[PDB]
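One chain follows as structure tokens, the form deposited without this ligand.
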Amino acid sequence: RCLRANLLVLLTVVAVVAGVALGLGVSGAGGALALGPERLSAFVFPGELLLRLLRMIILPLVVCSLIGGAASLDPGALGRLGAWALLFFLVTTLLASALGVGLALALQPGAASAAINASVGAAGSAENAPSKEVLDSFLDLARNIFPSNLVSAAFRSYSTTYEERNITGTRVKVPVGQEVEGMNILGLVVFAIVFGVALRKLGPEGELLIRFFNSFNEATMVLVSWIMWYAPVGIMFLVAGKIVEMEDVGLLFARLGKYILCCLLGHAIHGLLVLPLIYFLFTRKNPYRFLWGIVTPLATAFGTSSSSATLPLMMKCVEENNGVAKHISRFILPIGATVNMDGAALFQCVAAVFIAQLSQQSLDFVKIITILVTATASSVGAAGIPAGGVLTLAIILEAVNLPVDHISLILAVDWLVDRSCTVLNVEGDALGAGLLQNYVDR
């Protein structure tokens, strides 16, 4: 039944297209002048509603899915599967970063152009920042893993601020911990996997609890169906809202066209050559057919700019349309949503290269490898915090000591590349799910 099967793909594609058309027409016809902030808020609001609907069920879905999938196979197979999945994510993220190096060195976006100016973008506020240390970020990562409390971990995550408690002499900034908003999805993933291993290692005592969690998860898929049916409207109004929020006739595109073209082509080549080729090589099966099976979550990733938010739609689509195993999907896809950030590593690396390129820095081999490794680590380093969309580049440049004086340039256009990032991240997660499913089948 092609007409009924493909209707969602048609709606979300038409919704994105109508969103760009609506927002461009509104902006050309006056935009905010005709709108005002109150009508702007009401215009964006259905997008916010979609995010609120999707951020509601990621907690039940992730927790119950990991508990019900981790306890569907013995711990030895679980360990082999997880180790191979972590290796696949690490390899793809490293490859994406190297690919970004390759394009950014070649196309040369940091040539002399309008983007040389940074007074308007920075205006002195770029240097003023928390300036979080790399060791502190890794410690906050390892403390958001193994959370202090599970309930607070369902809406809070450790972040280490810095105080000036060194009044005795030579004032130096010293860390203090204070939980701040944002889910600890990584901590819940770890606790859920560990708990599922525990129930599998129990026997008749845990059958009840597995049945509980699987039923809870299936009810959450039942919610996901209806949120999917709503999702095109939210995508339309969210995309339209964000392009009325800043004029996009082509001024920033004319300013940073080479950079944005690198980031988008890097995401496309990573999305449309590499991971498809890996899927070819290993499972010998059609990646473009599989990719077509998952278009509504990819469009939702584009619309939402949040990999965790599109995950329920993605798990529903992958289990329903594509012939992916339920337990493999349950285990792999949430872990991919908090570890695997191929596009994030990509445009973080391309950003670092671009800002090094302007002012004519060297970046011969050692600095290249450092950016690769720290980008691969920051793929998960940014995962714990939702606020740090591109904030983690600053700590990389602190580690490698590059000019952070114009980091604010990308904040004007973080909202475009991060969408393709989210698309690529969920894409890599799904391709890994299919690949590992067919391993476990073999």
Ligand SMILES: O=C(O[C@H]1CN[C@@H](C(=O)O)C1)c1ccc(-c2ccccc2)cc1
Contents of the next structure:
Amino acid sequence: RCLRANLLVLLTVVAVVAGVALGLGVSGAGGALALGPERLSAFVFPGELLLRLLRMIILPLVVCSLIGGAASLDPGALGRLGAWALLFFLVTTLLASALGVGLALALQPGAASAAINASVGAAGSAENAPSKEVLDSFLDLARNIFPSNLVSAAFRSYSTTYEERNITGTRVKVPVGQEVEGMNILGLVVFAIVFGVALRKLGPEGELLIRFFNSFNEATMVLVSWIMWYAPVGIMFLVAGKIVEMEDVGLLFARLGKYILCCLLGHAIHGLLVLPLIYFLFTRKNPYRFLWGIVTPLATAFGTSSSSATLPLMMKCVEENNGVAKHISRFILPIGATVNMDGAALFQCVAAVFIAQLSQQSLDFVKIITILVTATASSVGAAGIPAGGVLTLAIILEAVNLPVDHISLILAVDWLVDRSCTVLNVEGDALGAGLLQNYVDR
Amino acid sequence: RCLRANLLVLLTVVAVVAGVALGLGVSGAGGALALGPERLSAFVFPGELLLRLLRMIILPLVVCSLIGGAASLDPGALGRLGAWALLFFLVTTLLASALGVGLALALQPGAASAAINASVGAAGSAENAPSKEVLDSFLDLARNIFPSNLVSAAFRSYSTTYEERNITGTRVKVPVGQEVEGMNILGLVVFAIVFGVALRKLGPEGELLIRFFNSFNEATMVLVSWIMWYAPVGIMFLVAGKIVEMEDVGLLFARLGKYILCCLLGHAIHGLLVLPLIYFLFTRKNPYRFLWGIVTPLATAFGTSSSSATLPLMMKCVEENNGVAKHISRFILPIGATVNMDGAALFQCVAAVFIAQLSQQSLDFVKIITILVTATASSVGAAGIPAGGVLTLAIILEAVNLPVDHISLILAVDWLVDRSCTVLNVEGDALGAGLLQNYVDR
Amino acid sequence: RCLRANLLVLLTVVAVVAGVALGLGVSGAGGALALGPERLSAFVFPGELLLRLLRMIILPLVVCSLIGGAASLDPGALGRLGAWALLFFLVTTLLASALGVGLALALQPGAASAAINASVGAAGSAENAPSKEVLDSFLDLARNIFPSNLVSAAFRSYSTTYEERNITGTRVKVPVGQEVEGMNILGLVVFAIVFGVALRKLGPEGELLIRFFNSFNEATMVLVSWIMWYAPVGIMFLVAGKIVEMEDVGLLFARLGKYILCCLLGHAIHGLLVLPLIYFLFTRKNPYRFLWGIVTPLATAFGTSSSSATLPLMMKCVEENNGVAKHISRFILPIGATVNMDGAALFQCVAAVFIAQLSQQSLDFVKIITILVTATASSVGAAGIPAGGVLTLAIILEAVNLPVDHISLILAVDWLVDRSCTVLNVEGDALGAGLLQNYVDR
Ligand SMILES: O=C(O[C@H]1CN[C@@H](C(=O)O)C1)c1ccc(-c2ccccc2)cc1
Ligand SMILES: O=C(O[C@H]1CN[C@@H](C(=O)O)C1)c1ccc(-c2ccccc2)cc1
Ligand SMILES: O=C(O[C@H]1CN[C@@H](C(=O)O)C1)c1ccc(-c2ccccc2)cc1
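Could you give the coordinates for the form deposited with this ligand bound, as opposed to the form deposited without this ligand above?
Next comes the full complex, this chain leading.
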């Protein structure tokens, strides 16, 4: 039934296109001048509503799916599957970062152009920042792993601010911990996996609880169906709002065309050559067919700019349409969302290479390897914190000591490049799931 | 067994009467002068303890009751029942507001009297307020519906504060969202209903989870029995404390006797003529008998001044004493608590008409319809936020542009009129439940 | 199998000893000068990680264990068991406080010595404090009992701050309530016990839910096994960090040797004479054998300085190694953690007697009884709040009006005496559990 099967894909693609058209027409016809902030809020509000709906269920779906997936195969096979999955995610993120270096080095987006100016963008506010240390970031990562409280971890994460409690002499900023807002999805993932392993360690005592969590996840999936049918309206209004919030006639594109083209080309090459090649090599099945199987979550990722929020739609589509195993999907895809960020590592490395290319920095071999490794680690470093969309580049440049004086340049265009990132991240998650499904099948 | 059956009703009526007597005697004998703030806190503390007990269980009871009630009848009948229930609540709230207009217009409580003075009450602090817009209130309503996180929604709700982030020129206050304290009971209600529909959409997978939630609610009901047996002491001490906290020899009654009489008469006429007439018309069963069946929750509502807190006692009494169906009770009465506020719409409209009557405003037909509709919507607008006992009148007067210069007059007497409101709200909920029980039975 | 059975006890004792050796060697070899704050954080971080792991599971384990234990015996036997348990805890805490008086009165640690000076310790900051009233502390105790919301009670507790809302004349600080951080484990304990009683009041409806909670606790116990195998590393690094954080060559020991010896001797006499004597008297079974059965939780208590955090390890060890009944363990030991603080009452009373001994206060009989009773109540008073490690001594001295001018003396050495306190508290809990197991068996 092609007509009914492909209705959703048609609807979300039409939603994205019509949202772009609506926003461009509104901005050309007057935009904010004809709109006002109140009508801007009402115009963006369906987008915020879709993101509120999809952030409501990631906690149930992630927790109960991992508990229902971990306790479906014995811990030996689970350990092997988790290890090969982490290896796959690490390799894909590393390949993405290397592709970013190879593109930004060649196209040279940091050539002398309008982007050389940065007074308007920075205006002295770029240097002023928390300036989180790399060690403190890794410690906050390993403290969001192994949370102090599960309930608080359902909406809070650990962030190490810096006070000035060294009045005795030579004032040095000292760390203090204070829980902030944002889900600790990594901690919940680890707790859930460990829980499911514990239930598999038990036998008849755990059958009730596995049945509970599987039923709960199936109910949440039934909610996901209806959220999916709502999603095109939210995507349309969200995209229209996010191109009405700033003019996009071509001024910022004319400013940063090489950088944005480098990022989008890197994302497409990662998402249409590298990972499809890996899938074909390993499972020997049509990767582009599979990519068409998941267009609706990809479009939702482009519209939402949030990997965790698109995940319920993705797990529904992957388990339903494509012939991916239910337990493998449950175990892999949430872990893919919180660890695999191919696009994030890609455009972080490309941004670093761009800001280094302007001012003519060297970056011969050692610094290249450094940016690769720290991008690969920051793939998960940025994952626990939702606020740090591109904030993690500052700590990278602190590690390797580059000019952070114009990091605010990307914040004007973060809302565009970070969407293709989300597309590629969920794509890499699904491809890892398919590969590991075939590996477990063999 | 009349002697044992009616013991609780006797006990709570005696508790209210003895609390009034105790508070009046203490205030006459010296009150605070003989008491001190520390003994005032210890004297009110049983009231705070009862409210802490009854706010502990509304989350379990509401969530699990709606999940156990929604998934007891098919979604078609559920949709019809929900639609006729919302229609009933809307009509009753609208009739209440019209009754408020009809009374305040006739009795004319805003005649020239001591209430004309407002310097002592306002003293310039009335105008200073957040001044929340109507659109922003509706957006916060629809964002507390569809919460971002369920756990946070168990004790937090979305409130749009206003910052001054327009330093570029012509400083205009802009909205920012920051979650504040207070349960998001509307969001939990909607999520729970949707969940129960999902479990009914499933079949054998959901039987475990329905059995879980029904067992959990029955346990919470067993707690409610013991809280009910404690409740008269809390009501007595609470009422005594809340008339010791301000002198009530008759000064404020002598000031606002017409307004308070208008509100109480409107509440009694709504609760003893209109809704009993509707019940008799539809189900043809003794409505006043049924009203006597629920005296203990009504007295608890008068003592507590909180509709959500009396709800566990109400659902216990309605399912136990009166022959109302268990599933219909579960589905309707929580929704009645968070949506139906007949008394709130009533005294909000009466307060508006009173402040308009002083200063001799017109309010011919269009403004009357405006106050009716905005009161009907604010019935649920005030429901998500517990702090806004009468705060929502300011946004109404912002919509229709009346003198808010003396809104602080009612805050001295909010603690009295708002209790009969709670009585009428729970009464309207129970009457809707009885009507819809008979409709489903037919 | 002695070699495998005793491996854990050997490992944690070796961990404590090696941590002491590591910290002393690091402090002697340069300590902070060779370390820096960043490496100090990385060196302490395994300790923080162990405490984050053990605070993650006390909520599941406590809640589900009490629900699974309360609903294993009928409410009559439960009421008797709870009453005799509270009587036992009260008597043991009182005996501990009397032992503290008897030791501090005899050894006279407040003799004229270096400890007479307090300018360096206090420096005027001792008097400045919230100065919480005793009545307000008891009210906050009874409001953390019977929480307003269960979810918030999973990570928040009620603390009555004091504002200055008496500008009308004679500015007097007035209480305001605002929820702060810290688990409301007492409120969750009471709610859980009451819930389990409700499920036992029900019959077949509750079997599912009891099976759920028992399965959930068994899963959490399976997590506890692995946390236990990790624990020695955390204890070693934590102890090393907490003796590197301050020099302990003997300066503070040379300052307060009599006071610390009094506290440790009181703890050992309570833990090795009084309670073993009671156990032998009642159950007639080798108490020192039983004490050896639980060395790993005792060492964890010494390392962690947290009674609640060691509790999962304790309940695992008591149910596994020693022949204590599962249901009795579940019901008693969590209640022991939140109520029984023998060591806390002990060193609080000893600290009071020490600060009274300096400056030559009388403390004849009435004040002795007062310190005993308020210490016995503050055993649970300090339990709800985790921040108040020794903060509760100030409110005691407010009750009985002693010099609080040098309360900051103990804060330098709170990290040492408060560890043996934790050891004795968990010891008293386990001994009460064994006694009541034998009583129920008889
Ligand atoms: O850390 C993240 O990733 C960054 C790198 N790529 C971008 C992406 O694709 O998300 C962002 C992140 C994840 C999720 C959310 C999120 C947003 C709305 C609602 C709920 C959650 C934000 C930030
Ligand atoms: O918004 C509400 O309604 C207003 C209009 N009528 C009044 C009523 O009857 O409650 C108030 C509201 C509901 C519930 C609480 C509440 C109070 C204590 C504890 C827990 C909850 C407060 C305010
Ligand atoms: O109030 C308490 O007791 C005091 C008297 N003796 C001391 C003890 O043995 O704990 C402290 C308390 C309990 C538990 C924690 C706690 C610490 C870390 C992580 C989680 C929790 C703190 C303070």
